[PDB]
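Consider the single chain below, provided in structure tokens and representing the form deposited in one PDB entry.
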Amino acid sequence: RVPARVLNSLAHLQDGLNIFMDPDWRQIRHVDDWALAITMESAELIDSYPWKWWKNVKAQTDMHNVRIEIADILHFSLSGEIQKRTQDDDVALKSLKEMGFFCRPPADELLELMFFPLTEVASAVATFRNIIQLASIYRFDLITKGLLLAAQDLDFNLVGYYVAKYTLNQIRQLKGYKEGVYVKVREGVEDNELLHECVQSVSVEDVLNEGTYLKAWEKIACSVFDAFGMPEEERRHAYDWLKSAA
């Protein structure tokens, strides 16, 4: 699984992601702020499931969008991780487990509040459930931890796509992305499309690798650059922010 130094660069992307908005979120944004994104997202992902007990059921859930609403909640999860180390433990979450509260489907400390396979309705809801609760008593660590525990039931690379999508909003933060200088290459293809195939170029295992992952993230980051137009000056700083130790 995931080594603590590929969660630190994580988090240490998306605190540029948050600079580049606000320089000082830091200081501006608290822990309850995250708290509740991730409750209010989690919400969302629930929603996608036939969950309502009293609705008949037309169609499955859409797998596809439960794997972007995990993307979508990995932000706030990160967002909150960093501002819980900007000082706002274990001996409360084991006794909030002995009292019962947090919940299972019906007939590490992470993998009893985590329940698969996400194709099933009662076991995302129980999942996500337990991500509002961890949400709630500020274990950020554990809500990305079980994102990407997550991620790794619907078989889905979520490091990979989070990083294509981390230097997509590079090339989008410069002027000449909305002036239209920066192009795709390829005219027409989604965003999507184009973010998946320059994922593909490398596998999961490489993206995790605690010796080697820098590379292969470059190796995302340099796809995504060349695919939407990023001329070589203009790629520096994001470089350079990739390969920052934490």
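Positions refer to the first chain, counted from 1. Definition used throughout: the rigid core is the maximal C-alpha set that superposes within 1.5 Å between two forms. Compared with the form deposited in another entry:
- Relative to the superposed rigid core, the position of the CA of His12 differs between the two forms by less than 2 Å.
- After superposing the rigid core, the C-alpha of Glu233 moves by 2 Å or more between the two forms.
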The other form holds:
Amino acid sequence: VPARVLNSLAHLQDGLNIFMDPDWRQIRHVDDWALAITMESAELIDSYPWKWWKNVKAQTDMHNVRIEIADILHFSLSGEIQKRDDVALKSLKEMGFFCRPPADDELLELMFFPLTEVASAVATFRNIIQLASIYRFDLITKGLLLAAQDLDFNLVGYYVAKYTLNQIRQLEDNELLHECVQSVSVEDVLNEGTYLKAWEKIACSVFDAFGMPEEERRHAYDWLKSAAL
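Alt. form deposited in another entry, vs. the form deposited in one PDB entry above:
FYI, this one's just the chain on its own, none of its partners or other molecules.
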């Protein structure tokens, strides 16, 4: 996943954040993001049957898991931006604090697959809670993208689709969104070079799909275009 792409993603988030409160980056604090990443991580974990003593038989909600990975991605990028000392990660590692199932370089040994299995997920997403602990949003974004790759979940497709809907809502939905992501590939939306062509294809599939008359779009694609930096 090319850095260029990672940067672009954050731009869009900044757009999203701006609409809700245009002074987010002054008012808002690095510690809020870390909080929100901690809660939605918990939220994700609660979709799995981790409680040894409660409905032990419960089937996992891998759908909700996917939509939670994205919910977290929003807060992560928001903290990434906002964060604009290092040997503090490896320090926690030797302290053996980060954890593992009882059975980028630097962040792979904290992720545990397949995410479809409970212990592997619990491990993984507690380790996001910890990366957050110490404000490492950048690795939580890279981690979230891994989670999704393991889950065969086209996360940045879905993030752009969902971004473009928010655009409409200023000027079952989920089912339509996932359908727009299809018109465009996984390899495509990440491939440095073609990616901004491909994100524009998704955007445009959303607008059509929802019914943004061609005529009200004169500026819809603007920030998206500016997201190339």
